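**Student:** Residues per chain, in single letters:
2 protein chains.
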Amino acid sequence: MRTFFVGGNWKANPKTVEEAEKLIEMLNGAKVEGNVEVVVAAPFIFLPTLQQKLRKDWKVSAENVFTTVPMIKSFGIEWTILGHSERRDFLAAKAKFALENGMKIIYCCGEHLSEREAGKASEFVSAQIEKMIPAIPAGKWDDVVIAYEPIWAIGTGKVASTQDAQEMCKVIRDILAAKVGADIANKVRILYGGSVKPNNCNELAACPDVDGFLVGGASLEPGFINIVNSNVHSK
Amino acid sequence: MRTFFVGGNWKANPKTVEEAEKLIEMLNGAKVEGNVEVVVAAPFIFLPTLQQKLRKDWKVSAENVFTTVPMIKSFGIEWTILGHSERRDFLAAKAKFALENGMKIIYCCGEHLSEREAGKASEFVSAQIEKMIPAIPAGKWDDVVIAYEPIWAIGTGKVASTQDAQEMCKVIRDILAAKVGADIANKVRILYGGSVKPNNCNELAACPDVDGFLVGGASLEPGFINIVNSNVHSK
Ligand code: NA
Ligand code: NA
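Taken in order, these protein sequences are the chains called A and A'. A prime marks a further copy of an entry chain. Numbering (the entry's author numbering) for the first sequence: 1 to 67, 72 to 93, 101 to 246. Numbering (the entry's author numbering) for the second sequence: 1 to 67, 72 to 93, 101 to 246.
Any given hint could be a false lead.
Think about it this way: if two alpha-carbon atoms lie no more than 30 Å apart in a straight line, the pair counts; the simulated DSSO-like pairs of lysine-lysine are [what the hints assert, rightly or not]:
| hint | chain 1 | residue 1 | chain 2 | residue 2 |
| --- | --- | --- | --- | --- |
| 1 | A' | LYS11 | A | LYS15 |
| 2 | A | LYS77 | A' | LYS11 |
| 3 | A | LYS107 | A' | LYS11 |
| 4 | A | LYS59 | A' | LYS53 |
| 5 | A' | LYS142 | A | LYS77 |
| 6 | A' | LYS15 | A | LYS115 |
| 7 | A | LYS53 | A' | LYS11 |
| 8 | A' | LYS142 | A' | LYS190 |
| 9 | A' | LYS131 | A | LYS56 |
| 10 | A | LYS22 | A' | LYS115 |
| 11 | A' | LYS31 | A | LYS22 |
| 12 | A' | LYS115 | A' | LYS56 |
| 13 | A' | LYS77 | A | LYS77 |
| 14 | A | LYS53 | A' | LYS59 |
| 15 | A | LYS56 | A | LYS198 |
| 16 | A | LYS53 | A' | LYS22 |
| 17 | A' | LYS11 | A | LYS115 |
| 18 | A' | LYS53 | A' | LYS142 |
| 19 | A' | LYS77 | A' | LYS131 |
| 20 | A' | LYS77 | A | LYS11 |
| 21 | A | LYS15 | A' | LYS77 |
The set of hints was computed from the structure by calculation and includes no laboratory data.
Looking at chain A on its own, in the form it has when it is part of the complex:
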């Protein structure tokens, strides 16, 4: 049922409009296998370039928005990321706002090392999602994707396993089922936003509650297409 979803988040890269154009030419020639929804998020100064030049079967995303949405929409940009850990290091209201204004969102959550070490990851993440849930207007869940970022495994010297991804995506789906029902839970894509590379994307994709990825550094490399194509391993 759920279409696999892969978002490439360039973060604050590349350093120049010439490199961005070379990256776009590479993406435009990529052969996508299977069935997958691809979105690419880029720095604001590069959005008009992406929007003009990126293959039209993929969509462009902002990496964040402000309390602005009309400017981005005036370029024809439909998506934004919200809540990404770098920004985090309010949100339910900003989700409500972006959605009321016709945006599709990638809503990020995830716990830090102390909560993970304390055995409280599931509690901490559940609470984040329980706060998001009232802020989604009726009829807007089709326009929501949730990304789990294991912030505890980013720059800490700790690594996340494939089972950690699966467990945390299941936690999220279960809290959706508990609070807004099985139909919404069954349709919402829940992404893994930890370190995703060509060497682990296929095993992660196969996890039953992992519907895709919010990709960091590999989104600037030819390996992105391997990650996009890992959808063929997700059932």
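Fit chain A' with the ligands to the known structure of chain A by using the hints.
**Tutor:** Using the frame of chain A, we list chain A' with the ligands on its own:
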């Protein structure tokens, strides 16, 4: 000696790329009188449009930068604003950085209502400038403009007088003279960044230590050209 300087800061406006293009067409037809250096700062998503379409005798500025500079430079953008009150509501280091990386900066300062009411405006502003001063590399003062923002008069129900502008720009020039010498003090443009409109720009321009303006809302209106042309009243 010092060339009058007017920076138009669009802030988070206009709401759409179509309106930005209409504003640029208006600016491109404007007849500038006298001698004046004009810079226009715009949201990041609109910088490539400004850079392509704005009259080449004016320059485009970023409204802020991050600890990025290469991206902006790759479009050929030479300026940025730093320290603007909205952003404020670290900096000396970011000034050093932007300058070392070839940027020209508009460095903002200014005190809040409590300091103004307490009689401490001059002390407060002086301290801000004394912090900026060590962070300017030797030989980079030609690439620095300072803007005084009377933050105490923005959204507080208090208004600033022409004499308040003059007094506060003089304070800044005096601290430059005291700390880095009369030659640098005599050449640095010090701008007034309070409410500047066609009805008060000429009287402000005539103030001896006011070298120009960092314009807010009037920068989106045909009145901007009146403010640019107030340079003929500055001696
Ligand atoms: Na899966
Ligand atoms: Na003057």
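**Student:** All the hints need checking, so say for each whether the structure fits it.
**Tutor:** A quick look at each hint next to the structure:
no.	hint	in the structure
1	A':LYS11 <-> A:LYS15	holds, 24 Å
2	A:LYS77 <-> A':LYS11	holds, 18 Å
3	A:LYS107 <-> A':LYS11	holds, 24 Å
4	A:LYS59 <-> A':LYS53	holds, 26 Å
5	A':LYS142 <-> A:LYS77	violated, 40 Å
6	A':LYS15 <-> A:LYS115	holds, 19 Å
7	A:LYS53 <-> A':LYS11	holds, 27 Å
8	A':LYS142 <-> A':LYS190	holds, 11 Å
9	A':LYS131 <-> A:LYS56	violated, 58 Å
10	A:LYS22 <-> A':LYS115	holds, 29 Å
11	A':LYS31 <-> A:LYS22	violated, 40 Å
12	A':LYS115 <-> A':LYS56	holds, 17 Å
13	A':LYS77 <-> A:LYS77	holds, 25 Å
14	A:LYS53 <-> A':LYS59	holds, 26 Å
15	A:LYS56 <-> A:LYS198	holds, 24 Å
16	A:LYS53 <-> A':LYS22	holds, 24 Å
17	A':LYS11 <-> A:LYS115	holds, 25 Å
18	A':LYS53 <-> A':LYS142	violated, 37 Å
19	A':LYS77 <-> A':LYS131	violated, 39 Å
20	A':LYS77 <-> A:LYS11	holds, 18 Å
21	A:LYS15 <-> A':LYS77	holds, 9 Å
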